[PDB]
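Quick heads-up: it's one chain on its own, the form solved without this ligand, in structure tokens.
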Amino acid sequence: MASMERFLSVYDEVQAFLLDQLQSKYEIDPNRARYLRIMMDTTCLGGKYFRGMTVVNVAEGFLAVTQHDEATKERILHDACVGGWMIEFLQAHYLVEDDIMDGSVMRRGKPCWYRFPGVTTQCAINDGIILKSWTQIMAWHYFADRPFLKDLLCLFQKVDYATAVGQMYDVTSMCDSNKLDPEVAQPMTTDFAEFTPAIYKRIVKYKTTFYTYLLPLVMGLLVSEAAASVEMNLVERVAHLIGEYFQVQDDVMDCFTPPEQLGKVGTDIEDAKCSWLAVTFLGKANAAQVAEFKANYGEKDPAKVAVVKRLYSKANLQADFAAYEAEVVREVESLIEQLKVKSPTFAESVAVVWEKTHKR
């Protein structure tokens, strides 16, 4: 069976299980089960499934080199699918709540969930809660007797928490740290002293890399009982490297990709986000360019957003990007090498993960 068709079948199975359980154990009525079915589909489906499919790919890698009964191969693949969906639903929770937090309009060329007419924020916040809750329901049902249960739950728990911490670092990235205070409304930075590479890297490490790269790779290893085939410090390193790269592309696209292809009107400039573009521009700008960026950044006004796009264009950030891209290609190749000392198989899975990131 092809990997994707398997993965999607398991979605239907998991859906049926969740909704059936709601009826038998939580007293749900048919109409509210229908609302939750629609919410699930709308929030969990329509993407590329890159994350969930990475768990399946890693597991398939190991299957090709490890002796097992056919029923065990099936169980492993079914576990990798279930695990893949836990990450997809975790993502879905974070996109629902982030979209509400950020006042976002669209996502993937469709309205954000909370904007649907029969949803509203009042229900969407709690729908997002449920999305994450279903990750735990899945795990305890399908993995109840599995040896990896505790390691999987503890890892998932830490990556969820890292993710929420990342969100905090992202939403507070335009404030001055010394001024954070629940009692006082937060001014936007005027010095941009905190728009540095290290500060950027911390935001991206936590807000994206743990759930997008570390978790799929390590879940793949856990459902394969293969964690001893890797040096976990190397899996971490490569994950952060690849994840940082992924985000830099997303940061570049928010500004320069046309909204129809993007799935979104980009607002990082107006939101004063600590993007790769802002940081890289500040890292090469002259005094006059810095003052012009400060006078225009983080304002709704289109004339000022255009001035910021103009400064980025004239600053030749394509050069800085190609240079970054070079160095990442270099570092990721070294780490893949270091990954072959213990698992050719695993190193190859990371190679595929890198190819799918580095192309898109």
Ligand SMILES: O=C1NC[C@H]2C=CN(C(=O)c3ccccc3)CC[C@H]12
The other form holds:
Number of protein chains: 2
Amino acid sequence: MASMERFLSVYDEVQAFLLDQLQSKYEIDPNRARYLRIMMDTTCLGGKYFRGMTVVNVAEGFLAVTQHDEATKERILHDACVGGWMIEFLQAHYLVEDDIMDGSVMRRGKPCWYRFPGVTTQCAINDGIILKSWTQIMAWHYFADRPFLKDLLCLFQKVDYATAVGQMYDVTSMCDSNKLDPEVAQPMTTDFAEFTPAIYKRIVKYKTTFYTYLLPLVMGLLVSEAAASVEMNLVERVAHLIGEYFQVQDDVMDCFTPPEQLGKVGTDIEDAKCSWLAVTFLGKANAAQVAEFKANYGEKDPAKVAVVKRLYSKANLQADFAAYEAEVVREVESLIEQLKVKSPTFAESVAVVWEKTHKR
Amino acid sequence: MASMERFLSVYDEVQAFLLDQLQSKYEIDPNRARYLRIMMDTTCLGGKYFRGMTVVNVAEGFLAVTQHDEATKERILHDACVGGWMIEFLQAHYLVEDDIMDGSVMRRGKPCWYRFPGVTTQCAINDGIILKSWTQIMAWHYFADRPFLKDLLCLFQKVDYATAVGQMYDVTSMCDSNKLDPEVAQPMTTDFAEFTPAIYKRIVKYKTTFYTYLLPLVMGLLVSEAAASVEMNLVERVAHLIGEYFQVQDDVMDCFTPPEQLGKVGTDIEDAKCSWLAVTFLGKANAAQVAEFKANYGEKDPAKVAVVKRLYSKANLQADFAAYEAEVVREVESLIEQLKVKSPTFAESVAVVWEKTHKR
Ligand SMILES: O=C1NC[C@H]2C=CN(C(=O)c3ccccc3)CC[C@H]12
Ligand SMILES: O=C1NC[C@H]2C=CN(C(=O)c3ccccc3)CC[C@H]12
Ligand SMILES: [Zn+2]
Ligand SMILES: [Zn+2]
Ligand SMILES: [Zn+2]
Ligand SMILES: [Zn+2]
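Okay, that's the form solved without this ligand, but what's the structure of the form solved in complex with this ligand?
Entire complex below, previous chain first.
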């Protein structure tokens, strides 16, 4: 069975399980079950399933170099699928809530869930909550007798929290830390002194890397009973590196990818995001360029957004990007080599993860 | 040590733990730690701590009739305190998010968290997320080697999900089930055919009773290693009963308690809530009264709200309330007696829970 087709079949099984349980234990009626079914399909389905399929892929690598009964292979693959759907539903939680937080309009070329006419923010906040609760309902049902249950739950928990922390880093990234105060309306930074590589790196590490790269890799190890076969510090370090590279691409596209290809009109400039373009610009700009930037960044006015985009074009940030990229390729390959010491076949799963990130 | 003073001391300890961990493992800076500290104090502190103190109280009852070393008593009480704070933080999660969902203005005589000038909805949705993640960080840290950890996590998980389900029942309670559809803007019901006691009961059971009564009672049993000493079906049945009574009081106050005593301007009528007043009214009204109700319910217009309040006064719902109350007193006392069979001292903790609900 091809990995993708196995993974999508399990979606159906998990969906049927969750909804049958709502009926039989939670007194749901058919119409509210239908609403939740559509919510699940709309918020969970339609991407590439890179995160979920990572769990499956790691697990397949382990199976190919380990002795198991056929029924144990199926069990392990089914577990990887379920584990993968937990990460996919965790993302869907965060995407629903983040879209509401940010006033987003579109996502993957369709309206954000909260904007559906029969949804509204009042319901969508709660729907987002449900999406995360379903992660835990999955885990407890399918992994009830599994030896990895505790470690999986504890890991999941920590990634979740890290992601929420990162969300806090992200939405506060345009304020001056020393002015943060629940009592006082927050001004945008005027100096941009916190648009640094170290600061940028923290936002991304927490907001994106833990749930996108670390979790899928380590969950693939946990369901395979393979974690003690790899050096975990290396898994952490390579995840953070690749996850950083992923976000830098996403930042570059926000500004330069046409909206019909992005699936989104990008607003990073208008939202004054601590983006890789702004940090990297500020790291090479002269005084005049910096002042022009401060006079136009973080304002909805299209003329002002056009000025910042001009500044970024003239600043030759493609060069700094290719230099960043070259250094990431070096470090990732170094970490892949280090991972060959104890786990050559895991190393190759990491290599496929890096290739799919590096190309797309 | 008095139970309240122990419980509030543990808040400080848990707060210091969470924030020290953010610094030492999550790269937080002092200002963002300060923001989270204030968020925690603002959203977790200031109520009666009925839910959290329930866990402590159950545990104290067990200690008084069981043999333990002094250090084991302290351990058990500390665990009950931590367990209690998990429920208190779970409530704070739901209160933050519900206030945003509903456009609430005030809560306990102060502004809702999202309305704080330096917060905003963009941050508060995420702050609400954090509040729930902290429940799991507590549990994993303080209960890592505890024999009850799995059952506590599994219970917590199920209550959480039930509460989110109930929130869905609540916010959809004024729509016709057969019209629910994410694609189509939802009209308010015109027939009010779903304002029934069975329907009302489901909203409340899920939205409120599981996290307010069932969870605190059963968590008190789990930390005490006492769950196999009580009949769990009876704990469920008495929790649902008391939790229903609690909500009926809350519904009655929304409409009749002056806003300075409520801590809130009540909007149940304007929001067209499936409230005990509306259901009970509809269960005794004549044709004329029903038509007048349909012509004024669920509309912000103060004249229209005043009409509904008049209808409720003239309808003599105090009588149906005293009849409801008498029946609840009967059933609760019956269940308390049933609980004396296997667990007399637990029965008394349930009796204190009922008294504190019945009087306040
Ligand atoms: O137990 C082991 N010791 C040597 C090691 C040799 C090859 N293996 C891996 O590279 C591998 C590890 C984790 C997950 C997927 C694959 C399998 C595990 C083997
Ligand atoms: O193991 C037991 N069997 C009889 C029973 C007699 C009294 N007990 C209770 O009523 C009790 C139960 C759970 C929590 C708090 C108190 C203690 C447990 C005792
Ligand atoms: Zn965002
Ligand atoms: Zn982006
Ligand atoms: Zn509400
Ligand atoms: Zn109310």
